[PDB]
Amino acid sequence: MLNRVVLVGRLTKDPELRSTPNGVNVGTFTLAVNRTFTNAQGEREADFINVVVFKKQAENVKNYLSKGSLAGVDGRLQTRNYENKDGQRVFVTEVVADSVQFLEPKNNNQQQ
Amino acid sequence: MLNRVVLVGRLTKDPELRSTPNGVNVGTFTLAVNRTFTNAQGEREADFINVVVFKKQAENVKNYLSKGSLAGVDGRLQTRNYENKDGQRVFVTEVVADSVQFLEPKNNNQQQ
Amino acid sequence: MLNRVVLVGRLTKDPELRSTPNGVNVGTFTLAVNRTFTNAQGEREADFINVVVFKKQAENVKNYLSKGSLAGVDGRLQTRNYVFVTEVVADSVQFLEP
Amino acid sequence: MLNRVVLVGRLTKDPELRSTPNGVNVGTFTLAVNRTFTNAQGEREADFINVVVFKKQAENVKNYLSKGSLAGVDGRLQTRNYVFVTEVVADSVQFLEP
Ligand SMILES: O=c1[nH]cc(F)c(=O)[nH]1
Ligand SMILES: O=c1[nH]cc(F)c(=O)[nH]1
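Chains as they are written, first to last, in the deposited numbering: chain A, 1 to 112; chain A', 1 to 112; chain B, 1 to 82, 90 to 105; chain B', 1 to 82, 90 to 105. A prime marks a further copy of an entry chain.
It should be emphasised that the hints constitute simulated quantities derived from the structure, not laboratory data.
All C-beta atoms in this analysis are idealised placements derived from N, C-alpha and C, irrespective of residue type, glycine included.
Some hints here could point you the wrong way.
Listed below are the simulated SDA-like cross-link pairs for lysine to any residue, each with C-alpha atoms no more than 25 Å apart in a straight line [said to hold, decoys possible]:
1. B:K62 with B:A32
2. A':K106 with A':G42
3. A':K62 with A':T28
4. B':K13 with B:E94
5. A':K106 with A':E43
6. B:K55 with B':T38
7. B':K62 with A:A40
8. A:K55 with A:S69
9. B:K67 with B':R80
10. A':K13 with A:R76
11. A:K56 with A:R10
12. B:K67 with A':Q111
13. A':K13 with A':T79
14. B:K13 with B:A32
15. A:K67 with A:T36
16. A:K67 with A:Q57
17. B:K56 with A':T36
18. A':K62 with A':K106
19. B:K13 with B':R80
20. A':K106 with A:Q78
21. B':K55 with B':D14
22. B:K62 with A':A40
23. A':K67 with B:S69
24. B':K13 with A:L103
25. B':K67 with B:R76
26. A':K56 with B:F37
27. B':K67 with B':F102
28. B:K62 with B:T30
29. A:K62 with A:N109
30. B:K55 with A':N39
Partial selection, computed: residues in chain B' whose CB lies under 7 Å from chain A' [stated by the list, open to error]:
31. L2
32. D74
33. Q101
Between the sequences and the hints, there should be enough to build the whole structure, so can you do that?
Written out as structure tokens, the structure is:
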């Protein structure tokens, strides 16, 4: 069934890259996306989307993407449930990126 | 900034419609979206997206949408943080629908 | 760069199916997409989008999709030339009717 | 019915700005959208999409957007006629450069 997400935002931290003994690399980062419908002084808010990326895309994210860089994301919305180390159920909604595009560096509105 | 979600899935329960004394109606429902990339016998999984709808769209959802109906959704991805009644922080990612389209009823693959 | 199109409409005619000299199936159809909001006059307009789909999905388009069938399409917007033509290249198609 | 297009590309020429006899500003520009994946030969192709934007957004397109400027576009796919023309009608435009 149809499931498509497109985002443009800025990374809040530098991307992390973990791995499982199953041998696959899993990159994660948070995308801060300012709301367009409230972009005006006195009411600018952002949403913070969790993006997850795997395999090849995941390493090109760790190399070339840094905290504060503008990135575009294209993917699916997916949900998980796990148990944290305390025994509480955790429900997650993340964007699984099919492609991540590097748009602008960290400080492009003062450097340009 | 760009933020677009498009979904087609089936409702897991009947939509709920709450209200605040601020006088605005807030409709909510969960959309179950089968993954396209695993649609085959032996590996069909779905993701369960929380959709939120307001004002007029929200009532036309409660009238005309029921558990098991196929619905299409178009909107933004948004995040909230609140405190539940126990004092734990709760982080939510939901789809805020701009439009909700009614596609097929509950039992359309046996009635058609 | 990002390029994504998502559509839901009905086919105007029956899906067509050709092949490439490389042996790849090329399914085509036109989708009538009603506008969700009416226009200044109140009438409902539809747009007529040309969709293209490849390989085995194109065969399932030919088998299970007919004139008037409701379909969802997910893909890219691409431009071709001779007369400039724009079509949606579907990587995914969803069959909303049996 | 659902109809959504999202694009990121660069303008091929300078944005144009006309008006309707009803007094609404109509901004137009062409966006060159590079394909993310290369083709069977390995070359990178771009698509050239016609974008249309209205009212005050069209004015901010004329002020702040120039040939070669990077822009994001969010809107509908619509079809017009005389020669069949398909354009993206932008409800939102994002300026990726100052
Ligand atoms: O009714 C139609 N209008 C336009 C078309 F391209 C088509 O196939 N059918
Ligand atoms: O280089 C270009 N190709 C096609 C176009 F429509 C255009 O404006 N520019």
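Verification of the supplied hints:
no. : hint                : verdict
1   : B:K62 with B:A32    : 17 Å, holds
2   : A':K106 with A':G42 : 24 Å, holds
3   : A':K62 with A':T28  : 9 Å, holds
4   : B':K13 with B:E94   : 23 Å, holds
5   : A':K106 with A':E43 : 23 Å, holds
6   : B:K55 with B':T38   : 18 Å, holds
7   : B':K62 with A:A40   : 20 Å, holds
8   : A:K55 with A:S69    : 21 Å, holds
9   : B:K67 with B':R80   : 22 Å, holds
10  : A':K13 with A:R76   : 23 Å, holds
11  : A:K56 with A:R10    : 21 Å, holds
12  : B:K67 with A':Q111  : 20 Å, holds
13  : A':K13 with A':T79  : 22 Å, holds
14  : B:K13 with B:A32    : 10 Å, holds
15  : A:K67 with A:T36    : 21 Å, holds
16  : A:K67 with A:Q57    : 17 Å, holds
17  : B:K56 with A':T36   : 15 Å, holds
18  : A':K62 with A':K106 : 15 Å, holds
19  : B:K13 with B':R80   : 20 Å, holds
20  : A':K106 with A:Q78  : 23 Å, holds
21  : B':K55 with B':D14  : 18 Å, holds
22  : B:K62 with A':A40   : 20 Å, holds
23  : A':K67 with B:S69   : 24 Å, holds
24  : B':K13 with A:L103  : 20 Å, holds
25  : B':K67 with B:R76   : 24 Å, holds
26  : A':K56 with B:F37   : 14 Å, holds
27  : B':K67 with B':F102 : 13 Å, holds
28  : B:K62 with B:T30    : 13 Å, holds
29  : A:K62 with A:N109   : 23 Å, holds
30  : B:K55 with A':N39   : 17 Å, holds
31  : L2                  : 5 Å, holds
32  : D74                 : 6 Å, holds
33  : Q101                : 6 Å, holds
The structure meets every hint from the earlier list without exception.
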